[PDB]
Amino acid sequence: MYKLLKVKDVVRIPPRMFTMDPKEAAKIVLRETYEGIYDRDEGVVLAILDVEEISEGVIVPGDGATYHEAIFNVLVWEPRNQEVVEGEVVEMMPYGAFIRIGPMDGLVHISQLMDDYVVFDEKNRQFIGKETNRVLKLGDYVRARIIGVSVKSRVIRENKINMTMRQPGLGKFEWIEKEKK
Amino acid sequence: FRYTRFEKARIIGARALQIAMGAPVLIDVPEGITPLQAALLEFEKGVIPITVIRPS
Amino acid sequence: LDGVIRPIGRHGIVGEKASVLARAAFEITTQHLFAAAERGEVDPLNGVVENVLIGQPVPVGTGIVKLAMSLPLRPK
Amino acid sequence: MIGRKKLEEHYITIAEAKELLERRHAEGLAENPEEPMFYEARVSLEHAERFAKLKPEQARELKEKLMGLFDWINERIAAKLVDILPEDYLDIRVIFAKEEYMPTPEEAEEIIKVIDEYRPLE
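Quick note, the sequences are listed as chains A, B, C and D, same order.
So this note's numbering is basically just the index in the first sequence, starting at one, shifted up by 481.
So this note's numbering is basically just the index in the second sequence, starting at one, shifted up by 7.
So this note's numbering is basically just the index in the third sequence, starting at one, shifted up by 103.
So this note's numbering is basically just the index in the fourth sequence, starting at one, shifted up by 32.
So that you can see chain A by itself, here it is in the shape it has in the complex:
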């Protein structure tokens, strides 16, 4: 689930591109500061849309560049707790499977998969159940719920989300339809 923000911040225009229009020149500075950075307070800042209005310049002793107070629009993504998500199985591991719910991934361990005793087939990339002949393999569209989020650093790459599907009405979508009756 994505959100759209409207946030003011102080913009630092260098004197190299000092002779451009103020709108897009303040846009090109603030865009290459926040894109692709996971904060622990709000989340993944994806991209800057546009710059509405801008203030005047103020010179500071020592640098020679200028300061402004702009208005811009930010598309964020916040994977908050116990949020019902949708994803795609894009990884096969012997201890679990990464479910891509967007820019990040969601790991479900092998014993939170389903209401079945689960054995990992080592030769293939699949799970085979004991009683039922259901097969969970690569590329299958699933539905899950967040249960734990491990936030370590500012980088998107180093943070992983644990989910689970041991609830009525989750898993693969054609498994869900036959559980309606």
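Hints in this document: simulated from the structure, not taken from any laboratory.
Below 20 Å or equal to it, Euclidean Cα-Cα: the simulated SDA-like pairs (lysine to any residue) are:
| # | chain 1 | residue 1 | chain 2 | residue 2 |
| --- | --- | --- | --- | --- |
| 1 | C | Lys-169 | B | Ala-23 |
| 2 | A | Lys-484 | D | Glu-81 |
| 3 | A | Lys-489 | A | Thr-514 |
Cβ-to-Cβ under 10 Å is the rule here; a few derived chain C residues that face chain B:
| # | residue |
| --- | --- |
| 4 | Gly-164 |
| 5 | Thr-165 |
| 6 | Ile-167 |
| 7 | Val-168 |
| 8 | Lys-169 |
| 9 | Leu-170 |
| 10 | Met-172 |
| 11 | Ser-173 |
| 12 | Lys-179 |
For every residue, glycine included, the Cβ atom is placed at its ideal position computed from N, Cα and C.
Position chains B, C and D against the provided structure of chain A, taking the given hints into account.
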């Protein structure tokens, strides 16, 4: 609206630092000039862009 | 300045109200005076001996003017 | 605090945020570095390209409509119902399993009656 002696020596100081970091020059060329002396000639013709703030 | 005339040094105007770091480099007594304002005391700014001590422009002189400038900046 | 203040936020579904990526992708088209968008941006584009079930404009119209139907449905709950497209009381259970109010089969059917239109039926 005449400047004082403290404001005239700061406007030159800030403009001589922009003129070294890029900030394309007006008609000031000839043949070799230190960046401080470029700010004095631009100030002579009265084409400085920087204006002061008068706190009151 | 305060209705009774004061001296100029070590018991008067320097020893009177200022920043607490301003009284440190004058009247070499400091374990009397610097440990007195060790107990419950803040120290903001805005002397002349402090901004030179920390690396800031002092308030007198040319660190008093504030500039402002817009930015099309066409050469013509 | 990010910046000085945060003053306004809204909730965006996956079909609505697809257009914000492609209009951003319309820049680049700048040709001096050619501007290839970075990797994790292109990954999140593919999640918008495959799960686009509705029109971008008709999803914005529906989110205004679903808030006025029930008082206990805010904008955040209404944006969840567009992405799932519930058909019966099974999906009403799994979304609202950790909520303050569990709906009656009368009130859950009234949500379906609005979303009986605009369905792809294929």
